[PDB]
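Asks: Chain residues, written in single-letter form:
2 protein chains.
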Amino acid sequence: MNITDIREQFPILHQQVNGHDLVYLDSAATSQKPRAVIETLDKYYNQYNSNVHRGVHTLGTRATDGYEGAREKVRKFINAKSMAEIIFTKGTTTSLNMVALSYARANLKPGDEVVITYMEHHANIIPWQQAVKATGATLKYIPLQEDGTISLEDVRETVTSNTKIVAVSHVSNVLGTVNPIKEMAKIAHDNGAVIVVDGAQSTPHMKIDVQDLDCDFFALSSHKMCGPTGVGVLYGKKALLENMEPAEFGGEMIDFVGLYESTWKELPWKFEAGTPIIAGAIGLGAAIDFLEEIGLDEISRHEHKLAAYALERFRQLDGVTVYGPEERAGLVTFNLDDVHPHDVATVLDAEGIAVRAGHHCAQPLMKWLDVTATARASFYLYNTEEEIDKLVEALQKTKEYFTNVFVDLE
Amino acid sequence: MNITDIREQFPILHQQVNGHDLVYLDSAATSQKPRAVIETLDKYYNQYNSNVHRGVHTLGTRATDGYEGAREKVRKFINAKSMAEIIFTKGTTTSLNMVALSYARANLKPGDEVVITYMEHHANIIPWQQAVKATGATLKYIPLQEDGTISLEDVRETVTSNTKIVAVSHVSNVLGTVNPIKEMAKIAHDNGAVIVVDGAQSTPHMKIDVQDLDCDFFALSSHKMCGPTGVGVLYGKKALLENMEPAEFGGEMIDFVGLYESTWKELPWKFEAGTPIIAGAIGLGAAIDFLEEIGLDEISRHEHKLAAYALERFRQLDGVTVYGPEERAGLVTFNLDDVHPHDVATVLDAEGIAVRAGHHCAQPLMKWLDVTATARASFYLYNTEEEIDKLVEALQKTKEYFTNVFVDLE
Ligand SMILES: Cc1ncc(COP(=O)(O)O)c(CN[C@@H](C)C(=O)O)c1O
Ligand SMILES: Cc1ncc(COP(=O)(O)O)c(CN[C@@H](C)C(=O)O)c1O
Numbered sequence: 001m002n003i004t005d006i007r008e009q010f011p012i013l014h015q016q017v018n019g020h021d022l023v024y025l026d027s028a029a030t031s032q033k034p035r036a037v038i039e040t041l042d043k044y045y046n047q048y049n050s051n052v053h054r055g056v057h058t059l060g061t062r063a064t065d066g067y068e069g070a071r072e073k074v075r076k077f078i079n080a081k082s083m084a085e086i087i088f089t090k091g092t093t094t095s096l097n098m099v100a101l102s103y104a105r106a107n108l109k110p111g112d113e114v115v116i117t118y119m120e121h122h123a124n125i126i127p128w129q130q131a132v133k134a135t136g137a138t139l140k141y142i143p144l145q146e147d148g149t150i151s152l153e154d155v156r157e158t159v160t161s162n163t164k165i166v167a168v169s170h171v172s173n174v175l176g177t178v179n180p181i182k183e184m185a186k187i188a189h190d191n192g193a194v195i196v197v198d199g200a201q202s203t204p205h206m207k208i209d210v211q212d213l214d215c216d217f218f219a220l221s222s223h224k225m226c227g228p229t230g231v232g233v234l235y236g237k238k239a240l241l242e243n244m245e246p247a248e249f250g251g252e253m254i255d256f257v258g259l260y261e262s263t264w265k266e267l268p269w270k271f272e273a274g275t276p277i278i279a280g281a282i283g284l285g286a287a288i289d290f291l292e293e294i295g296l297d298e299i300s301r302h303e304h305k306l307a308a309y310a311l312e313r314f315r316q317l318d319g320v321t322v323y324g325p326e327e328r329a330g331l332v333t334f335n336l337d338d339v340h341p342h343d344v345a346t347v348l349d350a351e352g353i354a355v356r357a358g359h360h361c362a363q364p365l366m367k368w369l370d371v372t373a374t375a376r377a378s379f380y381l382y383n384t385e386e387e388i389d390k391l392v393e394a395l396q397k398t399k400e401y402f403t404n405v406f407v408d409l410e
Numbered sequence: 001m002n003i004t005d006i007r008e009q010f011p012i013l014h015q016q017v018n019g020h021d022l023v024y025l026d027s028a029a030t031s032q033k034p035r036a037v038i039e040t041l042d043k044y045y046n047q048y049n050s051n052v053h054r055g056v057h058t059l060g061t062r063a064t065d066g067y068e069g070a071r072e073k074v075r076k077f078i079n080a081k082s083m084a085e086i087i088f089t090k091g092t093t094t095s096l097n098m099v100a101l102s103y104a105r106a107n108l109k110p111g112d113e114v115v116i117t118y119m120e121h122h123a124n125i126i127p128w129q130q131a132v133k134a135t136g137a138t139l140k141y142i143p144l145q146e147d148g149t150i151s152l153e154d155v156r157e158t159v160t161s162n163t164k165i166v167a168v169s170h171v172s173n174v175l176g177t178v179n180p181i182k183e184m185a186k187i188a189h190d191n192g193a194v195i196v197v198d199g200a201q202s203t204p205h206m207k208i209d210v211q212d213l214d215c216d217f218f219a220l221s222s223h224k225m226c227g228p229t230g231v232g233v234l235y236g237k238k239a240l241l242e243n244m245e246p247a248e249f250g251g252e253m254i255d256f257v258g259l260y261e262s263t264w265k266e267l268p269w270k271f272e273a274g275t276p277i278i279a280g281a282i283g284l285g286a287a288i289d290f291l292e293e294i295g296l297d298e299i300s301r302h303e304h305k306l307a308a309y310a311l312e313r314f315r316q317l318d319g320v321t322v323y324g325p326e327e328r329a330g331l332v333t334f335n336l337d338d339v340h341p342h343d344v345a346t347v348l349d350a351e352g353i354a355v356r357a358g359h360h361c362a363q364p365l366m367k368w369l370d371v372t373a374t375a376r377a378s379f380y381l382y383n384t385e386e387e388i389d390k391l392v393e394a395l396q397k398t399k400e401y402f403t404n405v406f407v408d409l410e
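Line by line, the protein sequences are chains A and A'. A prime marks a further copy of an entry chain. Per PDB author numbering, residue 1 is the first one in the first sequence, and the count goes up by one each step. Per PDB author numbering, residue 1 is the first one in the second sequence, and the count goes up by one each step.
Honestly, I wouldn't trust all of these hints.
Any copy will do: because identical chains look the same in the list, a pair fits if it lies in one copy or spans two.
Straight line, CA to CA, 16 Å or less: simulated EDC-like cross-link-like pairs of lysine to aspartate or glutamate [as the list claims (entries may be wrong)]:
hint	residue 1	residue 2
1	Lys-81	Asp-338
2	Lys-367	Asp-255
3	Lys-76	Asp-154
4	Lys-133	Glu-245
5	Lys-140	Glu-261
6	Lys-367	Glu-261
7	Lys-133	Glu-261
8	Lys-182	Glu-153
9	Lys-164	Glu-400
10	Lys-81	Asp-214
11	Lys-305	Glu-386
12	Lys-397	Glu-72
13	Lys-133	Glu-242
14	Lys-133	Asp-154
15	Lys-207	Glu-68
16	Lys-265	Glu-242
For the record, the hints were derived by calculation from the structure and aren't laboratory data.
Work out the full structure: start from the sequences and follow the hints.
Replies: In C-alpha cells, the structure reads:
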C-alpha cells in the first residue's frame, strides 16, 4: 500500500495554510476526496445528468443506471443481502432519525426500554430522547469502563426483556473505541430487541459485514469515507424495513395516490421521497470503488499503524492527557495541562495543522470525562507518520510557548 | 440576453443521443448545470473542503464562510428578511414534509382544515394526508376551472375559519399554471391560516419575493434552478419557525444536551441536524449568482417566448391535445390522438429529444384530466425555438409513422 501514490490522488492536500504545509488531521469531522470522486461528479454533470426514475430517455436511463449501480456497490460494500435493504439518505443523522421515527410512531409503548451508551454521538442520542418522550418509554444508558470501553456484562444487565431498541456506536468519534457490536447484537436479540449501529466512524476505516455483525440497522455517512457531502446510507434488515412506515412522503415513494389515501412503493424507494441525491450517490459509489481498490484491510492496517504511532509519541510528551483505550480506531482526543484545547487548535492551525476542538457532539461523554472541552486529531488513509511527528513537535512547541508566557508574568 | 453564449456554458448540451443532436426538453424534472456550478464544486473539493461549524481551522473557516454565504445569497435571492428564515434541506419534498411534521405534531386538532388543490405535486399532497390522519383534521381540495387555473372565489369558499394550513403550488409542473399566490395568501390570512407555497417549479424561472407574496412557507429545489442535486431550501417566517419543533435531531442543532433533555439552537441551525450539504449549498449559491447575472426577468421573458411559441406550434398539429391555460410558465403537457405518451417519448428519444411521459407525480390531476398518462416537454434558459421546431417536426413525423403502421394492418 503505497501512501505517496494515494496522497497524489487528493489535490486538496497539496497546499499551504498560513505559510506552513497543510497537515489535515480532522478526517473524523469530514474526509477529503480523491480525483476519482470529483471526476465522477464532473462526468455526471457534464454528460448524463437527468432525473432518474422519471423520464424514459437516454440521459435519464444513464442517470438511473448510475444511481442504482451505486446502490448495488453500497450493497456489496457492506455485504447486505438485497438492494432493498440499502436506502439512500442525507447522512447518518437522518438515517438514525428515520429509525427513531418509525419505531416511535409505531412500535414503542410505556415500559419499553431504549438503551444507549455514554459515548454516543448526539446523532445517536437525541432521536431516542424524543422518541421515548413521544411514546412514554424509558431511556437507559450503558455505563463505560474506566478505559472507555463497554463491558458485555454491563450490556447484559442494562438490557432487559422490555428493551425494544439497543442503539450503539460502532466506533467512537472521541475515544477511538471499537465496540463489540456482534456480541451486543446477539445480547439484544436474546432480549427481543433490535440493534442500531451508528457506523458513521467505522465504515470509512474498516470492513463492514452486516451479516457477520447481525445488526438490524446500520447508519453511515459518505463524507467520511472519501465521498460527497449530503448523502449517506441507512441499512435495515429487509423484514424490518417492510414493517416500518416511511419517514417522508411525496413522489418516488408512492404507488397509487388517491385524494385521501395512498399506497407505498416496494423497498428501497418507499423510503426515498422526492428527487434523490443522484450525483451524490454516484460519487459515493465511486468512493467505494476507490476504497475497495485500495483495500479496506490495508486501510485498517494503516490506521492501526498511525494510531499506535500517535499513542506512543503522545506518551513521549509530558503534561498531555489522552482519553480512551489503547486499542482504538486511530483518532486521538486529548488535552494539554494548563492549555485550553481551542487555543491548541488555533496554534496548530497557525502551523498549518488541522485538528478539532470542543465537545465533538458528545457532551455526555465530555461530562463523563470530567472536562468541558477537548482537542482531537483524526487520521485517515492519506495521513502519514511524518504528520504525527509534526503534530507532536507542534504540541511540544505550544507547551514551551505557554510556559515562556506564564513566566513572563512579571 | 444572448442564448448561444448561455448554451456554451452547459457542456452536457453539446453531445449526440442515438445519432441525433441532443434536444433536452425535461428541465421540469431536473435542470442542467453551467460550468460555474460544476467548477464551484470542483474548487470546493480541491481546495477548501472541511466540515464547517466544527473545526476552527483555516479550511474549516473557508468552508463555513462558503456555506453561510450561500445561505445569504439564498436570502437575497428570494428577499427573505433574515438568514434565520433560510433553512437548507434535501429538497422541496423534505421542506414540505418538515412543515407537515411540526404542524401535525403540534398545531392540528380535529375540526381544523388543511386545504390543497387538484393540481398539486404528490410532494404537496401526501404529507398533508398523513398529517390530517395523525391529527384527525380534515383535508379539503380547491376545485379547478376548466382551463386549469384556480378561481379566487373557489378559494374563499373552500377555506373557512377552521383552516390552519392552505397548501398550494406556485407553478404547476403539469398545467403550467401560475397560481395567484399573493391573493391566496391574503385570503388564508383573513381566515387565520398559514400558506405553504410549493415553489419548486417557479424559483428556477421567475423572480421570488416572499415579502410581496407574503407566503408563510416557501419550498424550492436546487436541481431545477441550475444547482446541484440533493439540496433545497425551506423558507419560513421567522416567527413561525421559532415556534415549530425540529423535524430532525442530532448534532449542529443542539445547544445543551443532557442525558434525558436537550435545548435547541437558534435559527436556522435548529432545523439542520448533522453535517450539512456543504458542497451542494455552495454550488446552489453559485447557481443563484449565475441566474442573477443572467437576470431572472430575462429568463421569464425567454420562457414566455418559448411557451407562446410552443403553444402556437402545437395548435398547428392536428390530433394533439394540450392541457392547461394559455397563460403559463413554459412547459407543455399533451397527448397524441391514438398514440400512447410513453411511445411518443420513446420515439422522441430516438430523435434525441428528451421529454417525460407518465403522471408527473400528479395522479389526482391526471384523473381530473380524464387521462391515465401524458407526455410533457419543459423549457429553460438554454432551450431554443429551433428545439421546439424539432419537437413539433418529430411529433408530426411520429403521427405520420403510426398512421402508416395503422394502415399496414392487412
Ligand atoms: C411542483 C413540484 N414540487 C415538488 C417536486 C419534487 O420536489 P423534489 O425536488 O424533492 O423532487 C417537483 C419535481 N417534479 C419532478 C418530480 C417532475 O417534473 O417529474 C415539482 O415539479
Ligand atoms: C460517530 C458519529 N455519528 C454521527 C456523526 C454525524 O453524522 P453526519 O454525517 O450526518 O454528520 C458523526 C460525525 N462526527 C462529526 C460531527 C465530528 O467528528 O465532529 C459521528 O462521528
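Asks: I want to check one pair: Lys-81 and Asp-214. Are their C-alpha atoms no more than 16 Å apart within a copy, between two copies, both, or neither?
Replies: within (12 Å within a copy, 50 Å between copies)
Asks: Quick one: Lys-81 to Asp-338, C-alpha cut-off 16 Å, is that within a copy, between copies, both, or neither?
Replies: neither (52 Å within a copy, 44 Å between copies)
Asks: Treating 16 Å as the Cα threshold, decide for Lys-76 and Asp-154: within, between, both or neither.
Replies: neither (34 Å within a copy, 54 Å between copies)
Asks: How do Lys-133 and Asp-154 come out at 16 Å by Cα distance, when the copy is not named: within, between, both, or neither?
Replies: neither (24 Å within a copy, 42 Å between copies)
Asks: Could you place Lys-133 and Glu-245 in one of the four classes (within, between, both, neither) given a Cα distance threshold of 16 Å?
Replies: Between copies, since 14 Å is at most 16 Å while 19 Å is not.
Asks: Under a CA distance limit of 16 Å, which applies to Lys-305 and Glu-386: within one copy, between copies, both, or neither?
Replies: within (12 Å within a copy, 62 Å between copies)
Asks: Pop the pair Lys-164 and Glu-400 into one bin, within, between, both or neither, using alpha-carbon distances up to 16 Å.
Replies: This pair counts as neither: shortest intra-copy Cα distance 53 Å, inter-copy 64 Å.
Asks: Given identical chains, is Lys-133 near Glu-242, meaning Cα to Cα at most 16 Å, within a copy, between copies, both, or neither?
Replies: neither (25 Å within a copy, 21 Å between copies)
Asks: At 16 Å max between alpha carbons, let me know whether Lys-182 reaches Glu-153 within a copy, between copies, both or neither.
Replies: within (14 Å within a copy, 63 Å between copies)
Asks: As a check of your reading, is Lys-367 near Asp-255 (CA-CA no more than 16 Å) within one copy, between copies, both or neither?
Replies: between (48 Å within a copy, 15 Å between copies)
Asks: Can you tell me if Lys-133 and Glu-261 fall within 16 Å by alpha carbon in one copy, between copies, both or neither?
Replies: Answer is between; shortest inter-copy Cα gap is 10 Å, intra-copy 29 Å.
Asks: Within, between, both or neither: how does the pair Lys-207, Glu-68 come out at a Cα-Cα threshold of 16 Å?
Replies: Answer is neither: 22 Å inside a copy and 35 Å across each miss the 16 Å cutoff.
Checked against the numbered hints given earlier, this structure breaks hints 1, 3, 9, 12, 13, 14, 15; the rest are met.
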